[PDB]
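Asks: Below are the chains, spelled out letter by letter.
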Amino acid sequence: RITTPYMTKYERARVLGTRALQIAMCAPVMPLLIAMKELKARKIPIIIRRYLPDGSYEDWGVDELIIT
Amino acid sequence: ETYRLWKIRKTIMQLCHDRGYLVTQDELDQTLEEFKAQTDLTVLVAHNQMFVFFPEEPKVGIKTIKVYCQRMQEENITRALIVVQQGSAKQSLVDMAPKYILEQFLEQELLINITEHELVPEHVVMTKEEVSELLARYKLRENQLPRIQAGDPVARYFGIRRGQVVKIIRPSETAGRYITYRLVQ
Amino acid sequence: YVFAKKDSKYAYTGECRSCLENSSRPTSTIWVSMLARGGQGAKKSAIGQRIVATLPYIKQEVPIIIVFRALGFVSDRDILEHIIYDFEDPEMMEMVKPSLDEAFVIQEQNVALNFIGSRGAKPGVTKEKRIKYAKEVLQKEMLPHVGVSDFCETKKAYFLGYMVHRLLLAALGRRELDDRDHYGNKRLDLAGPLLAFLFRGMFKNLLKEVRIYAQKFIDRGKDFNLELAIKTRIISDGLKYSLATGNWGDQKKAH
Amino acid sequence: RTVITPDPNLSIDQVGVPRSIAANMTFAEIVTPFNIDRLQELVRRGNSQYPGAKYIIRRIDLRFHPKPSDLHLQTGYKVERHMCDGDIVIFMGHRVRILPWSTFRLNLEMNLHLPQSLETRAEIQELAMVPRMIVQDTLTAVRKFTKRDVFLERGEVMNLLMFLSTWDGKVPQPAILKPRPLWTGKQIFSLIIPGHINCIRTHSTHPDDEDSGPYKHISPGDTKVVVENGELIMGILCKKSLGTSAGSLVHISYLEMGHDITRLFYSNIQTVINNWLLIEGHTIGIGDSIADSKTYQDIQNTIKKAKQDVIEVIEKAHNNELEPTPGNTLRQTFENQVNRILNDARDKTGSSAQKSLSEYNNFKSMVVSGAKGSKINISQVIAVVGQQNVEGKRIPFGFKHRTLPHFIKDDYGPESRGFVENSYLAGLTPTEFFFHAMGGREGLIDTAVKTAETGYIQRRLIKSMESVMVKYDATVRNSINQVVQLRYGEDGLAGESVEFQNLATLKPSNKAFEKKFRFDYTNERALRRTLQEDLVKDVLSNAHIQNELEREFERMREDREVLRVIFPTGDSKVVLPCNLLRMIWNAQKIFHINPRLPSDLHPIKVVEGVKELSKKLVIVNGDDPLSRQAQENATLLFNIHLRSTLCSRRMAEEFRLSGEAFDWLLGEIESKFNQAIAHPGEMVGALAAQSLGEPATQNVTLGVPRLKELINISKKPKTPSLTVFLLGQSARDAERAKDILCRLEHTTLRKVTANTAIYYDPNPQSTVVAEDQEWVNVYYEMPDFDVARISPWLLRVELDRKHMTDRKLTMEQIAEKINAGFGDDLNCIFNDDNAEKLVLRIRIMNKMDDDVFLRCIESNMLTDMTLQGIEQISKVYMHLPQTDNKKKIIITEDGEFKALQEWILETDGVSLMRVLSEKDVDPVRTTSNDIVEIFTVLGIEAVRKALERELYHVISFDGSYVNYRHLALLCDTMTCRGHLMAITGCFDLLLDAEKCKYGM
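Chains F, E, B and A, in that order, are what the protein sequence lines are. The first sequence runs 51 to 80, 89 to 126 under PDB author numbering. The second sequence runs 6 to 43, 56 to 65, 71 to 109, 113 to 210 under PDB author numbering. Counting from 206, one number per residue, gives the positions in the third sequence under PDB author numbering. The fourth sequence runs 364 to 421, 426 to 458, 470 to 486, 500 to 524, 537 to 1101, 1116 to 1263, 1278 to 1415, 1469 to 1484 under PDB author numbering.
Read the hints as simulated data drawn from the structure, not as lab findings. Treat the hints with caution; some may be incorrect.
Claimed, not checked - Listed below are several chain B residues computed to face chain A (Cβ distance under 10 angstroms; list not exhaustive):
hint	residue
1	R242
2	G243
3	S250
4	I252
5	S323
6	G325
7	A375
8	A376
9	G378
10	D424
11	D428
12	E432
13	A434
The beta-carbon is built from N, C-alpha and C at its ideal position, and this holds for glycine as well.
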């Protein structure tokens, strides 16, 4: 639990860059403007995998986290 | 000339004060006028033990080197400085080294103290009880730090062997006291 | 040209690039150069600065007075009567004084010319080679423009001695040294002189195959015919190749 | 690939790709239920029309023989249409708008690359759009739009409201109402400024004397920009308050409103003043570049005296009547004397020309408005071109002491070496046209050189920091996964979310600190007027309340002292993240606070509010004793400022905030500090290589030949130096320091030799000189060491008068050092300076015959003596310092800073250890600039700290600025491995199936 409680701007490029990709490929909706609404209403089925430089990791979900 | 025995002695005693060894207050603060009594010069104290030389030869030969090892091993002293006044014979200081360590200083390299200079932040040698936390909170390793080299004149100042870690508290101009940890090689 | 150099093993070097009439023998960039005073030991430092002469086709620095004694001179008034003009000024006479001391043991022109020829292209073994070799060095490939005949020994003795007089005039600070940029030192060339440089290197090749075609016909001795022997396409290609592309020369050595 | 052409009618992140180019590129679209009813038209048309498609990846080449059996389209397929609007292309990331010709229009050649996926499109969108990373025509005309003079009648408002974008449909109410209701241009320019924004700047004409008692906030030139509450109250704008500088109104509107609110603040001003100017025009006639005859005749009355006072110094120095200033000869001090009298007349004809230009003059509208700088380049139009130079010197003699064939020899005059009386309006003399052809050739080449210099540092220094990043520890780690820095930039804070602020406990004095911050709770009429009636007993009664407020002030005295350790210079400008005087100036506007009434805030709520805040700002996590000291050092400098400008007295007296104010204020700092913590994932290497090569484009060598030299750390500096300070009472006298001065120069005996000769006088009683026979007998009346046989030669060296008392040299210490240098077998005889001829007689006591060997003795003493001083140490200068940076900074007994002058020494040649060791050379402040020589003495921590002192010095010499975080990464990638060297997505994602079960 030593990672930052916000979302860095590089996660948000890779969350919304891929969540809009699957919604383009016939997924259940919960393309680019679709996923912007879902994050800003906090409905996304993605768990962020943040490593650490030792080799470990920490698995965070979006509703555990403060979005920009 | 008496600068080159007063300022030198005022460097050694501030040296072994901050190497950890027991050093009293007033004998650090001897003026040159109060020094107007005095080789005849040898500092000999222990830790909170250490010997200090001034060979009368300006150039130390190996014939000088085997003399005091009779009084090294008998008087049970281990760490000792040799203020070699001019400068092969260093291989003799490798021979006796794994038992008792000794090292060599030039005379005029020591006339002024480099720890007092303003572009040198105050290093602190860390202990193995303190290293074993810093390797664990940051989850660092034995390497993987900013390294410092062996023949560094502050590594030579504190008498740091290969493998220790010093901390550096530098007064910086965005936070005030950024703290950095130099591995020694 | 009395230039100056920055780092090298000299102080106030001279230079000349003699040639006559834009004939053959393109250049012979003979230097005359004064050594520094940063010498070690009593080789130079205890006597002072010396003068040398980087002659062409000699991979050494043959000193001055040796060259004049290869010109048929003996005595050290008749070597300084070609270098310094007034013998009544001590400020110049000091300067040449430590260069007589190094060229001192050689007197006869059979010896200095042995000294000069012993450093050549391939060094000869007999003395009669080194009498022969440096005899044509110092009258065929050293200052051609002052004279190319076999009797210009008295002439060359001045204009070589003239350069040493302009070596001293800048070494003393008694004369400004030459700017390298200045366009009084610059000759331009136009389509005339450039094709003359390209026609000499191709009129010899016309002769070269006539040397080849005839000597392959001495065995017969039947006749000889030139109108089949002049290869006309030597001239009408190299003057058309090297004037098309721009690589100004022959097409066999392009870099 | 084609031209770019300017076009101010595109919102900045747009490009105009013409239809002959967008009809070749493709964006491969994958079919959704959205576009499956849209793309079938674009399949139907084909490649004939423009909105069509090339391929159908079902791979059918739909451009010829369409085959309508294979016009199927179900979801999952990939269609490759040509282009549309709205799509994103790469340089930054533009956005295609279609404007039909043959040029790429973009609102200020290039290729065009187009990404091919909906993932790497949105990487460009949320990282690298054109706003996410101001022309002359706009930035000048903002001055003319925003004076007091400009009034817009009624119809022109209806146009300059039509060309906004953010406008809410409602027309403002004008100022004047006796005629037609005229609108001032500052009212409409208040409508662009986006929401509540606060700023105060000073226009570039504002005299400093205008800040007296009267006319402070009025400022009758209508300078002094005051933007309160997003509505422009007063002041003209310029470049200084609309560029991107410190405290700028465009800078402030990036630290409050985001970036997409500021991109609208550009594309409003890029229209409504760009399209108001069709009513003003802004031409430049040649009437705008002519001096009136009041000054044009006086501008020659300077230059007719300039060429007089160059004749005055030539004929003074051609009579041996000019004393050479020490440091240089009579030659170099002649040139410095005359280049003094050609840069004052170049500037006395430069300030009287700018002031004489009229208020309508159209050059003054492009200089006062500051949009086009270089106000020296229109002082050559009007008055005087000035001096020419090559190699930094006025024109050298080319031919033979004659710079052109029109002159005489010995022409050092004020026109035969380059200076130009005429200006470009009056035309140039046919000589001076050649000389300006030479000054324009030396600067025309350096441009062709400084593209192969700084086009090479920046593409090399990137490969240094190619992958140095910020990992999730917020340490600084790189490819070879080693720790560079433990916290990023020494406090973890990020680069582009900090400002300049001041401390106000460091700078003031000791009495003022106990007057400004003390809060005397006892006088009872302050807190009557500065605080409410409900609390006027509450402060006075409880001693527990009164004993906390000392413990606020107890820390502030111990906060004062640490600032006087970190900042010994007395320089209080500090870089710190959230501006604690805008955000207090804001909170006096949102909450509508009257500061002329007694406040209503409790003073313990001030103290408790700060202390509970300062725990909530976490840079270093953890409850360890390691991380506890490792936190409060990363926030020491900011937590001292955080009590100085939120004190219990400063809230209630200078700021007058309310109880509902301070609740909003402290909680907003925490929400604004928590953004300036750096986002781990930053490619910091590109951010800090492109902030050192950009001021690379803009006699110690400074600039590119120094900056090139620290990138490879050359062992042999082309100009090394060693600046040397002093210790005692010698520091305040030039006569005491002359002893210090002479102990550094390598003084051989060539410098003091008059002349040298060799005689042969074997009998001293019958020497060739009869004058020395007095004192030669004196050493031989009672002779010493003539024991067996003196060699019969005599080396006679004469000495000097100037160079022998310039250094206070003794005939003994010359003779003693030769006797100690070569033994007693060189019979050296000193003599007296009391007579007017100083003689040193050197005989020899008994291969290499003695005439030669006496020369070799003499040829060693010309070259290698070292009479005094240290070898390889050239001319050793001396001056009292002029600039307020290298002076001595002594704190008085009232705590005030004070600069005190002392004699410093700037040498040439570096030998650090013997220099430091000698008498009254400062152990502390002595420093050299030779990194290599400073690394072999003081360690590695005087390289990491003092490679900073050089890279800051090759940048701040230009006046430019680099954020310090880009210097603590160049200093910390060279010195990582203990010794200096030259140069030459961490995370992942997982699919959450438990959320994925529900959701249609």
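Asks: Indicate, hint by hint, whether the structure satisfies it.
Replies: Against the structure, the hints come out as follows:
no. : hint : verdict
1   : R242 : holds (9 angstroms)
2   : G243 : holds (9 angstroms)
3   : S250 : holds (5 angstroms)
4   : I252 : holds (8 angstroms)
5   : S323 : violated (28 angstroms)
6   : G325 : violated (34 angstroms)
7   : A375 : violated (15 angstroms)
8   : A376 : violated (18 angstroms)
9   : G378 : violated (15 angstroms)
10  : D424 : violated (64 angstroms)
11  : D428 : violated (66 angstroms)
12  : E432 : violated (58 angstroms)
13  : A434 : violated (55 angstroms)
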